[PDB]
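Peer 1: One letter stands for each residue in the lines below.
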Amino acid sequence: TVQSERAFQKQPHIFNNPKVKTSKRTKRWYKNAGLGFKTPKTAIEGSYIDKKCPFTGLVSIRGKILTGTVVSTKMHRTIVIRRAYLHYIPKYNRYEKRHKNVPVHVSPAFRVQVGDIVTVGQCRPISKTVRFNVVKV
Amino acid sequence: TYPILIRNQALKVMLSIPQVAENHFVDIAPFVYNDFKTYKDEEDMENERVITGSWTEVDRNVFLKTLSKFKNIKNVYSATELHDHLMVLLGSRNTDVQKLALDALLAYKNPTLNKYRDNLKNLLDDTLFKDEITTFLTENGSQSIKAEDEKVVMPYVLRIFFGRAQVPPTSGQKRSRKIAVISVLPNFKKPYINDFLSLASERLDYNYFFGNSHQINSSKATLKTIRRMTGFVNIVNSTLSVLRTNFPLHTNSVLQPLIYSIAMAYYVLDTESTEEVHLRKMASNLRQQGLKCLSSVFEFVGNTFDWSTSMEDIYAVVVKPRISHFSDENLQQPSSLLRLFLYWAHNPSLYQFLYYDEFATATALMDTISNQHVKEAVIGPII
Amino acid sequence: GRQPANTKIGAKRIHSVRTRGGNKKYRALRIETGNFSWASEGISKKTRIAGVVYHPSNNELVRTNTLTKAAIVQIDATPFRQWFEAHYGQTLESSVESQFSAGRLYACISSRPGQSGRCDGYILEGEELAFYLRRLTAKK
Amino acid sequence: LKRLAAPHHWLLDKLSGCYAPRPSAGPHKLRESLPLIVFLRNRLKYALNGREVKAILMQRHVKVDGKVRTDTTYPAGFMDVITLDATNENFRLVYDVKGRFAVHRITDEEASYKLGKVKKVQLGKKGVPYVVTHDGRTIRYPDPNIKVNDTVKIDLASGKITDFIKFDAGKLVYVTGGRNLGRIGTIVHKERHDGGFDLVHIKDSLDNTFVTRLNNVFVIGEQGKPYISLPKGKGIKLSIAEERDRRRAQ
Amino acid sequence: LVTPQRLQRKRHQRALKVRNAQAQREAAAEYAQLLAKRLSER
RNA sequence: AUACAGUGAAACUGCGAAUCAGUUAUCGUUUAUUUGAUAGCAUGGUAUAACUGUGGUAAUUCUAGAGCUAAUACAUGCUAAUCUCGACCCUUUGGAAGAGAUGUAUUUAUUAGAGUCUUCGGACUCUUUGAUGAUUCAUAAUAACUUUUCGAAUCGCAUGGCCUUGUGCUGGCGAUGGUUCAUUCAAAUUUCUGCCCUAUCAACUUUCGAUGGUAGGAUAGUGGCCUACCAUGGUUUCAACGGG
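Chains as they are written, first to last, in my numbering: chain D, 32 to 168; chain U, 265 to 647; chain A, 146 to 285; chain Z, 98 to 347; chain P, 881 to 922.
These aren't lab readings, by the way, just hints derived from the structure by calculation. Ideal Cβ placement from N, Cα and C applies to all residues, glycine included. Mixed in with the good hints there might be a few duds.
As the list claims (entries may be wrong) - Facing chain A, according to a computed beta carbon distance under 8 Å, are these residues of chain U, among others:
1. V417
2. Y470
3. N471
Full structure from sequences and hints, please.
Peer 2: As C-alpha cells, then:
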C-alpha cells in the first residue's frame, strides 16, 4: 500500500532531487536506533512509512529492553505481548501463575505472527498507553 | 532662526513672506531647520505660490534623498498637501511607504490597485530612493534586498527612469566630455558606489532584460574613470584611496555583470568608449589579474571572446594581446583553464570572423598559443 | 489545552504570546503573504496568498479556508514569474510548466501559524505532484 | 531551601543546629563537592562560625584556584586547589583512604596547574572545536588528538591547557566514587563492555582488582610520574589487621 | 552630561572589543598550526 | 567639592515570596541562578514617583484635581575596519601594485555532515570532517520571511601615560547588562515491582473517547491532551471489575 488516509504519507525532509533522474523518487532513509542490530533488508528496500517505527520513523530506542510472547494482534500497528513471568508471595511460600499485559507498536519490517517471542525496548511515548516499540521479534 | 521657523510654522499665514520661499527650498541649511521648514511647507497649501512647480520639485528631490525616513514622511505629507488629484487612490500606499511598516508587497499592491493612472511614478521613484538609502548592518541589508527585488514589479519605462534618477546627481557628462574628470568630491564619489551597488542589485534581480539607459551607462563609465582618476591622483593619506579601491572593484564587477548578463540587445555601437575606458584600466598593468579569482577583467575579456559581435571593439585596441599576456604568465593560476577555454571560444569566433581585424586578433592569438602554450602540465582535472 | 487560533487569509495581525519557559511563540492570525521555495533548485520568495483548496482531515476547512499545516494551496505565481522570465533569458518539469498560464501554483504548509507564526511553501514536484493531482481528482 | 541530610563525608555533627550548608550552583555536583564554609569552619578550624567565615571571604583573602569567589556556599570540590597568601598554603583537595576529602599542602609550582577529566567534546560554533571537563571549564582549541574519559592539564593561571594525557594500558588511574573510593593503580587489564559496567581494572600488591563503572575513575598519570603529590603516602588501604601486623613486626 | 569619564568608558569598551577579537582570531591560527602539524604527520 | 561629591528618611528601578516507596529514560522537554568560554554618538526624547497645594470622606493602605522633576523605568538611535592570493623586489622571519572574502536571533527548502629512487640521514602522495549502541546528531554554505532579536546612549575608585601642551589621543582595577553553548540547580513526564479485605463481587471497557493508526490543532514538548478520517478494539477467574 501507499495510503490509508486523506493525508499523504512521506518521509519528511529526506526527499529526492526532483529535477535530475533517479529510480527511487524518495531515498528510503536508513537508521538503527542502537542495540547492535544489523539494518534490515525490509528497511533498505522496503515500502511502508510508519512514523512510529524505529527503522524509518524518527523515534529512538534505549533503556528497558524486555521480552514476551505475542497473543494479540487485532489492533492497528500495535500488538499486545504476554510477559508470562512467575511471581512470589510471602504467604504461600510457593510460586504462582502470573502475567501482565504489555502492548507494543508492531512494525511491518517482518510479519506479525500470533504466538512468537519479541525483544522490545523502551521508546519515547508513542501513544496514550503504549510505551515500547518493536525493534526485533 | 529656529524660533523664527517654529513661529512661522505655527502662525500659518502663507503667501505673505513667500518671496524667498522657493529660494530657501533650493538653498541649504541644517536638519533641525529642514524638518521645521518641511513641516511648514506641508502645513501650507502650495496651490498658488511664487512657484508651485518649484515647490513640488523641491518636494520630489527631498522625498528622493530624505535620509530614508523622516523627510520622506514629511515630503509625502507635502505632496499630499499639494494638488494631489489622482492620488487619493494611492494615499494608503504613500502613507505605508513613508511609514516604517512598509511591507513592500503591500506598497506595490496598493499601487497595483492605483495603477492604469500612472500618477504614482514620481512617488514610487522617491520611495525607491528612500528604501535605497539604507546604510550599514543587516537591517539595511534585509531592507535593501527586499527593495531592489520588489521594485521589479514596475513599468519597463519607469525602471529606466529610476536608473536615470540614480544617474542624475553623479552623471558628470559635462565634466567628462572633454578629456576626463578633474574634480574630486568624496561625498559624490560615495554616491557613485551607491549607484554601482543599486545597478548590480537590479542586474542580479533581472539579468535577462536589465534595461539599458545610455546616459546611466556612460555615467557608470564616468564613475570608473573617476576611480582611475583618483588612482592616478593618489591621496596617500588614503581614506580616499581605500574608498576608490572599494568603488573600482565593485564598479568593474558591476560593469562586467551588465554586459555579461544582457549580452544580446545592449552594449550599443558606441562600444569604443567602453573599450577606451578598459584600455585605460589595462594601461596601468594589463597582466594584473594573474590570480585564479580574476574578477571582471578576465570576465570582460572572456565575454568579448564568447560573444562574436564584440570582437570589433576588442580588436580596436590591442586587448587580445593583454589577455594572452595574462594567460602567458609563467606561474599562472587556475584561471589558465578559463584562458584555454577562451582560446577555444576565440578561435572559431575570430578566425571565423571578419578578416580585417578579427582574423588579425585570431592570428595574434594563434601566434601566442604556438610558442606560449608549451607548459601544458595541468595535472589536475582530466576533464 | 488553550484556545484555538484558526488563522485566516489577508490582513496580517499577530498576538504576542509568552509561553512555558521563555520560548516566545508567535500566534499569527490572518496571514496575508507567504515565503515559498522551489524544491528542486532552491530559490525562495515572499508570495501573496490567495486561497486554500485542500484539507487532509476535515472539509470544514475546505469550506472556510483556514490556514494550517499540510493544506495544499494555489497562491500567486507572479514573483516566481518575474524571476522565471527576468534572470533566465528563456522566458518560458512539464506538469509544473502546465501550471504557468493558469495563474496558480501548488505547494504545502509545514510551519504552524499558531506555534511559529510563519508561512512556508515548497513547490511540489514529482510524486508529490502526482498524488496531489490525484487528490484534486479525489475532490473533483 | 534546607538541609541536614548532608553527605556524611563532610565531618558534620548532628548537634550543630538543624540545617547544613546547601551547596550553591557552581562547577561540581553537590554530592562530591564541599563548600568553603564547611572547609574553613569545621575542616581545618581556621574560623569558628559563619559570620567570621564571611569576614575571611570578603576580606579579599581566599583564592579558590586563581580567583577570589566571595561566596560561603561555593562548591569548590574535587581536584581544585585553594590558595591562601597568608598561611603560605595551597590546598589541592582530593579523596583519601576512607572516602572523605583529604587536604594537601602544595607548593606553588605544583599549585599552578590542576587537571581535568573531559566530560564531552564537540564542535562549538564557527568551526571551532569544543572541550568541556568536569568543572564546567568549556575550553576552546584543544590538541586534536582528543579522546573522552581523558585527562587534560589545566594551566590554572591563564585558563588554557599546558599538557595532554591519553589513556591506555599501563598508566595510572584514580577512582572518585563507588565502594572503593579514593584509590589508585591501573595495572590488571583494560576491559570494556557496551552499555557501561566497564572499568580500567586496578592493581594491587596482591593483584586485587576493583571494577566499577567508567564514569567515576579518571587518569592521574603514569608510573613514577603522577601529576599530583599523593595523600598520606600513596594510600591504598591494605588492612587495619595488616597495619597492626606491621606494628607488631616493626 | 558628557564627562571625561563617559568617553573614557566608551573608549574602554572599544578597546575590549578589539582586544577580544585580536586574541580570538589569532588563537584560531595557533590552533591551525597544530592542525597543520598533525596533517603533515598523518 | 558653582554641576555633583558626607550621611541620607521617601519614592522609582532591580531581585525574592495517599505522603506514594524503590525504580529507568528524557536521542521527548525548558533550564531563572552560579560557573567557564563566547559578539571589530562630546551619547537624543518621554512620563511620571517622593514633594507643593485644593478637597471630599463618619470612614480604608479611600482617593480626584493641578504644579512639578530622575534612570540600568519606557521608547528610538552610530562610528571605513580586518583575513586570503600576493607577480616583482631583496633577500625577507619582509613590503608590496591590487584579483578578492565579510555578524547574530526566527522559519522553510536543501547540500555537505563518507614498489621503486639514495648525500643511508632522507625523500619518491596519498586520501575530507567531532560520535554515541544509534541517528534528519554537533557544525558549515545559499535563498528569502522576520508586526525586526542582539551586537552596552550604564556605574564606583583612582585618574597614570605620548608630546607635535592639543585641551588631543590613549590607559588600569571591577559593578551591572547582554547573544549563544556548556555546566550547576531544578521542574514536568516516563520503564520495571508493591500496600487495606473480598467471588453473599464474573464479566469489565467501544455512554456524549472506549482502545489503536493517519493528518491537524493544543504542547515547553513524547503523547486521544483533543479534533475529524481509517480500524473495532482492549481487560479479565492470573482475582481483573466493583465494593469494604
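Peer 1: Please check whether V417 (chain U) passes as an interface residue: C-beta within 8 Å of a C-beta belonging to chain A.
Peer 2: holds, 7 Å
Peer 1: Interface hint check: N471 (chain U), Cβ to nearest Cβ on chain A, cutoff 8 Å. Holds or violated?
Peer 2: Status holds, d = 5 Å.
Peer 1: Classify the hint on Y470 (chain U) as holds or violated, based on whether any CB of chain A lies nearer than 8 Å to its CB.
Peer 2: Result: holds, 4 Å to nearest chain A Cβ.
Hint compliance for this structure: every hint is met.
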